[PDB]
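Shown below, as structure tokens, is a lone chain in the form deposited without the named molecule; questions about how it binds or moves come after it.
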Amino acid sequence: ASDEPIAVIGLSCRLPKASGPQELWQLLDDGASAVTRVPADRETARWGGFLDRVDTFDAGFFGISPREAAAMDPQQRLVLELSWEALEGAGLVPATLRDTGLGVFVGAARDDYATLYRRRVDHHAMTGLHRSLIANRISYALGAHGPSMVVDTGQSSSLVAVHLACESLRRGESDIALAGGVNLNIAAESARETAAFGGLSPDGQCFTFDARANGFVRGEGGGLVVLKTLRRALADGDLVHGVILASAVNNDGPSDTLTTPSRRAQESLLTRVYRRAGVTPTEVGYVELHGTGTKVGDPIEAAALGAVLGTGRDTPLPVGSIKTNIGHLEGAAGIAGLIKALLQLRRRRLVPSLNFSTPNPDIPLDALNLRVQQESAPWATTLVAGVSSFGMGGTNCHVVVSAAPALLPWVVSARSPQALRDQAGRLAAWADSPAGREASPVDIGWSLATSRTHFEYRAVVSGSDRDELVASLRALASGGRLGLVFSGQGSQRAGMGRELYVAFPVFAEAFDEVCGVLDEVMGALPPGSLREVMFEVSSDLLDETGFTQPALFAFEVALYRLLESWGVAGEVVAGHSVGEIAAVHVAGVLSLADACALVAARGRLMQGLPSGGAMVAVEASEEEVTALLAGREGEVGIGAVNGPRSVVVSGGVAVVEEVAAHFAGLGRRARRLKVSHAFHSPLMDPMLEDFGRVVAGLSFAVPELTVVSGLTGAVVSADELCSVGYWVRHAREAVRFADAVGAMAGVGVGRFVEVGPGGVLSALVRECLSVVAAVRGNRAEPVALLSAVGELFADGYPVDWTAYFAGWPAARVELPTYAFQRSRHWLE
């Protein structure tokens, strides 16, 4: 190939009875005609290919007032919609193209709306009726800096637009390009001008190469193609719908009449563009004709293909013309013909050219070695197609296109609750649709995660198969700094992490590393596999603190590593009791070794204390509980200040029963806690000095995150945090959690996540004040976690869904485009 071959990496279209590429394929393949009588709500030649309507547009989506929309050429409105759908089809998040060198090249040859406006003024009319802004408005909305132009070569406009885009890319003038065109038939005045010229079929059909050939039927619509160099496309890993090998445009020069096509100039166009691509008559599998069904122009076009691609070829060359389905879109005829060729190439199947029974007797199909495609066959030999588009004033263009070289979240977003619903519904319908079933739920989720703008109204549906996800969608259609609070003793439960281990590799890997180290530590000095204890439902070994502490630590670090791989990075950490060890380790204060030595030792040295220890949860202020226990310091103290009217009293089972009795006796909530010992009381004084010696043998570094102390109730700095005195005091004195929450809020935490099992700490954070428990109870752990990271994402946290799918080998696949909230905008 002479010059950089160019990649079609996406496309959009509104055409008669074909609102998008999928519908277009349906129509062509079914051999269906979208030509109808003029709809009654249009004005009046009594036949045409019309859009279901041209009056509706989501002005708000594109930051346009209802008055500006009303003054705006529906062509300008449609090409905005097509621009957005072209980029989404290609998988490019349009915000990533802001301030880049994206080119916009549009064929537009008709200003009907300007005709209506002027046959009957505010500041809006200038921009709304000026043709230049069919391209310029796309460029302004995407903030693109590439060249932005409208080209008028009559009925060849939209393919010349593609050419200028290919050349722009080849020269490095633009790095990506939107190219195509638009033609909306909305004024009678333009219908009468083409009628009086004599060119319209009285039957309202393009009898392309058929002998009934007597003129064209009008059509309306628009198309765009997303263009990158083939090089840049492959490199960036883009879906390649086909590749433009060569484009050319010439003019008839000295035609018989100004408006007669010249066989000579067509041959010259064809000889050049194919030679430039290096494609012999035999390598071309199909040609998408101009084929308007005119008496003069059909034979001349047949002739020209017969001279250049007829001679030098065994089999006849299949030809056809989308004008037989949707009519002559004029300015946007060429991009119509190209988008068909592209669908044929991706599907690897041909489709009928309608209105063909008896060949034109001025077109020897046998001699010229052309047969008209009349059947929806498959396409034999890669595959290569030519597209022709000719303007009445002589300027001809041809393009040569080749074929290309456990629990899942689906994320959906929109600019509006009503859009989010419509968005959710459109994905559900498509997921169940055949075309949606040629894509895996894995590929779909990854594509939703990486290839779609995250608009300000967002939902995550979860599910294990297509049916569960679709059902979740149908149901849907009906910040600050991120703070982590690490769960302590009480938050533990039999099974802890089994469901997460089977589900997420990243949890499993880290849970192995943490258990491997702990099995060695506890194997040496036991209170030998921590994993078996944790994952077994038939075991109460966890309620014993020499297992409880290491278990909470193992679950919490594995969980934190899973959250971290999802881009849920804590900026501030705190922990209730043993919670603090996980918090401190993931803040990088202790190596895994030292962390495991520390938590195991703590667990064991406390385990080997006698019974006679108890704790009770009490609905009472710190001030009340100080008054009640003052003088009993040696037997009992405050174990935790968890809320402003929530403290845990800890010590002698005797004196703890008494305190439970008192507060119950005052008609207050008093819940006896299931613990082996009186944690954070004088009963811990025996193991302290032994604990001090273990922490003395550990290396404490400065943390990578802000740590808030459960001892201090405040941001704790490294000099204090990296001392032996701190950790012994931590083991002994009251967990000032409620104060820790205030200190976190004080420092700018706006979102709180409980890292650990259940929601004990999440409740206490609610009491003190966006709070989410990473793994709430009475549901599968994967469910309750995805649910939790789902709220974070909806609340506005930038969860990295891309990195949820590094596990699977997920591939980008095409999706439904944005569900525009269209409303009527028009003159009066």
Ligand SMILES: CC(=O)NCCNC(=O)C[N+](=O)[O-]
Given for the second form:
There are 2 protein chains.
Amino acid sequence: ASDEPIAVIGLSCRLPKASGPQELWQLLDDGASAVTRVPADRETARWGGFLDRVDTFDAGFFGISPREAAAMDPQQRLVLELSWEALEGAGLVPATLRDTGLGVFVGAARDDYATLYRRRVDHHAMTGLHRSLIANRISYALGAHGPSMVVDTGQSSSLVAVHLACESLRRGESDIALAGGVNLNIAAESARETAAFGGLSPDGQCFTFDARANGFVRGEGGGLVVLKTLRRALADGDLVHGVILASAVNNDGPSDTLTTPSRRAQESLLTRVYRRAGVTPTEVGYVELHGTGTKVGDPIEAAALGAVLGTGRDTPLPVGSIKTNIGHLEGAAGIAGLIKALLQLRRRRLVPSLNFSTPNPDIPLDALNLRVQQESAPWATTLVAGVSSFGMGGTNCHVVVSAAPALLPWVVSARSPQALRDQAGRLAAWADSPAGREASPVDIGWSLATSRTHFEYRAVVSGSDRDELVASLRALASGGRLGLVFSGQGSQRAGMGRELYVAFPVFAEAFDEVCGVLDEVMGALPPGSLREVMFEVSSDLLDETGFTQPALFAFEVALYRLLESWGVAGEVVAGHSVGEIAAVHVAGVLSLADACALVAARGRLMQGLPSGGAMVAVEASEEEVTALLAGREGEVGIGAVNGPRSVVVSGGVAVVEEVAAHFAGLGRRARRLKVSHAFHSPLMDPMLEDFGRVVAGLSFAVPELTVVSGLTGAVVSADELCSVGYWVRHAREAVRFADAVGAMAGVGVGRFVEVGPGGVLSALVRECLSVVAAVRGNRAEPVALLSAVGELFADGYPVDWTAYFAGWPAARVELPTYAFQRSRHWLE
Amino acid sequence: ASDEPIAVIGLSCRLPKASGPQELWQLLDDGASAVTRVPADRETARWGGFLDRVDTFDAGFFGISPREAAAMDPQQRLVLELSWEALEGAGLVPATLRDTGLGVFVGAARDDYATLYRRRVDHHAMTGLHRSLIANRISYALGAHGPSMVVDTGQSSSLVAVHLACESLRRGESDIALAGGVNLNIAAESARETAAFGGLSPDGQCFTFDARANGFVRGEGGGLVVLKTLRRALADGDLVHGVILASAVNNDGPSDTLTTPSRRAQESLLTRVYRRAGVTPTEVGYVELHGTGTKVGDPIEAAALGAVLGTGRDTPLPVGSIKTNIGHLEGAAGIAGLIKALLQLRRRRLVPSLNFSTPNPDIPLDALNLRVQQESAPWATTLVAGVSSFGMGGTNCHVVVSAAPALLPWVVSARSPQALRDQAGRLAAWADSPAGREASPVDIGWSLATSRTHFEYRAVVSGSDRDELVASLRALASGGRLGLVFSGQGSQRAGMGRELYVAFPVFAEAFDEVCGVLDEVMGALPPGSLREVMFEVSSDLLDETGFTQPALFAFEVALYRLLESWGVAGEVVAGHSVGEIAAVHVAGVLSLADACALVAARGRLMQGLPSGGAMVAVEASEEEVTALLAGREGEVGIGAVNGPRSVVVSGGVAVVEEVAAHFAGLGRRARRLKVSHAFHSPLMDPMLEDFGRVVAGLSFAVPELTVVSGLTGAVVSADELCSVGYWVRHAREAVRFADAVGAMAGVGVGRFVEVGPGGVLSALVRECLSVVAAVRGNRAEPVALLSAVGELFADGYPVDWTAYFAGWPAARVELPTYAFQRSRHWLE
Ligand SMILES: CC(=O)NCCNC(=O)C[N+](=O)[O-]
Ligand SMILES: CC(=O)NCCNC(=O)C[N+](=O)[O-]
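Switch from the form deposited without the named molecule to the form deposited with the named molecule bound and give that structure.
Every chain and every other molecule in the complex is listed next, the one we just looked at coming first.
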């Protein structure tokens, strides 16, 4: 190919009885006609291809006041809609194009709405009724700096728009291009002007190449293609819908009449454009005609396609015209023709040209070697199509297009709760439809995650099959710094991490690495496979602290690595007792080796202490409990200050039972905690000095995150944190968790996530103050985690959903476009 | 320069108080304002730059019916006019562009006339009111096959049109391009829409960069430039008016408001376009602003030209805006700005920007390093200018333009006697004006001859100085096969060819070559310098036939070579007696050597015969004279049958005097011819056999033209013509000249030219039947010849006037454009 072939990487279209590409396929393939009488709500030649309506537009979506919407050419309104839908169609997130060199090239040859406005004034009229802003408004809304223009060559405007975009891309003037056109028939005055010309079929049909040929029927609509160089297309890994090899535009020059087309000029345009692409009469699979159905214009266009592509061909050449389905869209005729050919090329199937029975007696189809496509068939032999579009003032354009070279989240967002509902439902319908079933649930979710604006109102639905997700959608249609708090002893439960292991490789890999180290450490000095202990439901081994502490650490670090791989990065971390070892390690203070040495030792040295230990949760203030225990320092102390009326008392089971009895006798809650020992009491004094010797052998680095101490109840710096005195004291004195939550909030934490099993810490964080428990109980682990990272994403946290789909080899696929909240806007 | 620089090789403009480029210079240089109140004949913000009128158009010139003219957007009408004037301005003859790849690119952003039509229907409305035909109609009229489009970027449309033409030329899509725009303010509805926007100065002035800045004043008009690649420009030897180095167009992207311009986007457009041309802040001589005079838009455009061209410059940069003279032409604003800069570049002088007194307090001119041009000065240092044009919808365009790297006929033609008159007068005014005086009479005539359509009504004026030609113009404002008949004995006069020798080198050269041979031939066997004999007025030597015959031959062959060098090529030739030797030689039958040998011999062998010879011209039929001379064959015969009542009797002076007496006695004309001998009588019998021996030594080739015999009275073929019998008989028997004219006419000759001195043969050709004598008497030879070739050109003969100007080194120079016969066309 001479010059850089251009990639159609997307498209949109509003056509008669075809609100999108899918519907346009249904219509064309069913061999259906959207030509009707003029709707009663239009003014009134009595025939035409009309949109279901031209008055409705989501002005708010594009930041347009109702009064500006009223004053705006519905052509401007529609092209905005089509622009957004073309980008979404291609997979590009429009915000990423802000300040890029995106070009806008639109064929517009009519200003009907300006006629309605003028035959009946505020600052709005100027921009609303001026044709230039059909392109310019697209450019202003996307914030694009590329060239932005409307072109008027009449009934060839929309294809010439495409040509100027291809050349624009070739010259590097623009990196991406929106091209096509728009034509709305919303004034009788233009209906009467084209009627008086003599161009209109009294029967209201384009009899394209048929012998009934007696004029064209009018149609209205718009189409846009998304254009990138083929090079840049493949590089950026974008859905390639088809490729423009060569575009050309000439003029009739010296025709018989101004309005008569010239056979010479059409041959000269064909010969040139094909030679630039290097395509012979035999390599062209199908030609999408102008084919207006005019007595004069049909034979000339036939004769010209004959001479160039009829000679040098054994088979007849298939020809058709979307003007037989939707009428003559004039300025938008060519982008209509191109968008058909592009669908015929992706589907690899031809569709019928309607209104053909007997051939025109001025068009020998046999001699010229062209056959009119009359049925939906498959397309034989890559596949190559040609598109013609001619203007009455003589300016012809042709384009040569070739075919292209366990638990899932679906994320949905909108600019409005009502849009989000509508967005959810539109995806359910599509997902559960034939066309959505050529796409896997995997592929869909990946496409939802990467290729779609995350608007201000967001939901996540989850499911294991399509039926489950579609069900969740239908149901849906009816911040600060991120703080992590790592769970302590009490939060453990048999099964811990089995369901997360089977589900997520990133958890399983990290869980295997942390268990591999721990199985060596514990295997050497046991209280030997920790995974088997944790994952077995028939086992109470985890209630024994020589297993509980390494188990909580293993589950918490796996979970942290899984969260981190989804972009859920804590900035500030705190831990309840053994929680702090997981927290401190992932803040990079201890290597995995030292962390495993530290936690396993702690587990063991405490495990080997005698019975006679107890802890009780008590509904009382710190000040109350200090008064009740003053003088008993040697037998009992405060194990935890968890809330302002939430402290755990720990020590001799004798004096604990007494304390539990006292607060119950005051009509307070008092729950006996299931634990082997009196943690954070004087009963820990025996193991302390042995614990101090294990930590004195470890290497403490400065943290990569802000650590808040469960001992200090405040932000803890490295010098304190990287000493032996801290970790012995940590093992012995009260967990100041309530105070830790305060210090986190004080330092700017707005979102709190419990990193551990259950929601013990989340409850205590709630009592102290946005709190979510990463893995709440009474539901499968994958469900409870996805739920939790869901709330975070909905509240505005930038979850990296892309990274959730590293496990699978998910491919981008076309999705429904934004469910516009259209409302009526019109003159009075 | 990155991409192929483009040559502006021509331009036209209709602007307020500036009907052409010359007037636009006068206005700009006088520092004049064409802003006025709305004329009373317009509908009605109360201020504007208006054309003297927008209703008048020569529809017939462009083959448009008055009814189609009525229905036509005056924008369409004006751009047709401007198209023809742009081509004529560049020197290109529009008929030569028929079927070439000429591109038409026009900025048009308004359809006012469609508003007038619709607020009040035939087949005419469709093409007349559709914007696309502003470009397409140009394309149809010129018969051009290049791309033909209107573009709408709003108030930047006309410069973007230029850009798309430059890129079109660079890609070889078009070989020549018409680019610019048009904007006519002929509807109140658009006046009220821009008023309500808030953009309009209540004072009705663009106070460009002045502190009174309070909006723009509207203006109307159009401009076109003629564009060719610089390569093709120099090659084809075309007037280069200036050269576009680099054109760029972008869009504001994310501006504060849709309609607010962005400083960022303007910097990005400037940086790019200049870098493509390779021009530094210091190489730019002047910048032609957008400079609307808006409070918001002036500072932003200033700030952006500052940042790019203000830094890196020791001197301030001169800036101005034609919007201070003619108002804001909107869609035609940019081509207005470009056409100024192009005139500043040819004149090598700056002009003032009006309405500047005190600088805007939001525009530090010192800091930004821009000074507003306030006076007409010279332009210091080749010269380089920049043109800005911005649209309200954000689409900016900039262009970088550099400065360029004895008796005369004036030919004038028109499509109408009234146009020819008007055409003649418009050239007289211009010729005799200062601007026409920078062009020599030579240069003018060459330009008239080569660079101007030869329309169906044509005149030639002649003169020796400008005063004489301008006088001839003012006076002017108050076919078949071409046959040559070569003069015989009787037509000679003393001076013969002296005035033609001094005048035309091609005659003089050929006269010297024919005399050089003859002076040898005659010098050897004399009856010795033939030029001296012929050119002397005090000499009767030429009445002696030994001189007369070579003299007629020498003058006739020189004249034939002069005629041939002007493209006045005879297809059929005849000669009276010695005439036939010149005729036969130039038909290539005899070489110059043999022709000179033949004629000189003939001259001599006849010269040496005795006295007693006479000839008399007689007003009588051949049949009458045969009856009167029957029986006297030995003493007298018919010397010539010249007309149907015109024969010359020749022989013994005794019997001739008798014949002269007889016809006088019958009351008939009878003129005694002044001759030495009785030519074509029995008195020639003595020299015949000696004549036969000279011709028998000569080489006769087949003629390259049709020869008609004065002996045969019919078309003579080579076998007869290339024999000795023919030329002896030719010398002896009657000249059947009347019959020769008949045979010429019979074989299709419609134009007859006497090749010889005087008009003896022309009279006889008139009597027999378009007849012109190449050199009639009683007037200087150059005058009488130019007159004669004038009549031929007027009657439709393709005279090659180009070839008349090989003598001088004449250069093409700009001329007045076609004097359109404008009449009113409008709606009712
Ligand atoms: C002379 C006449 O009525 N020609 C109509 C044929 N023109 C065409 O087919 C191009 N077009 O206006 O869509
Ligand atoms: C916001 C506003 O009224 N802006 C006017 C400034 N715009 C310009 O100068 C570009 N133009 O419409 O010729």
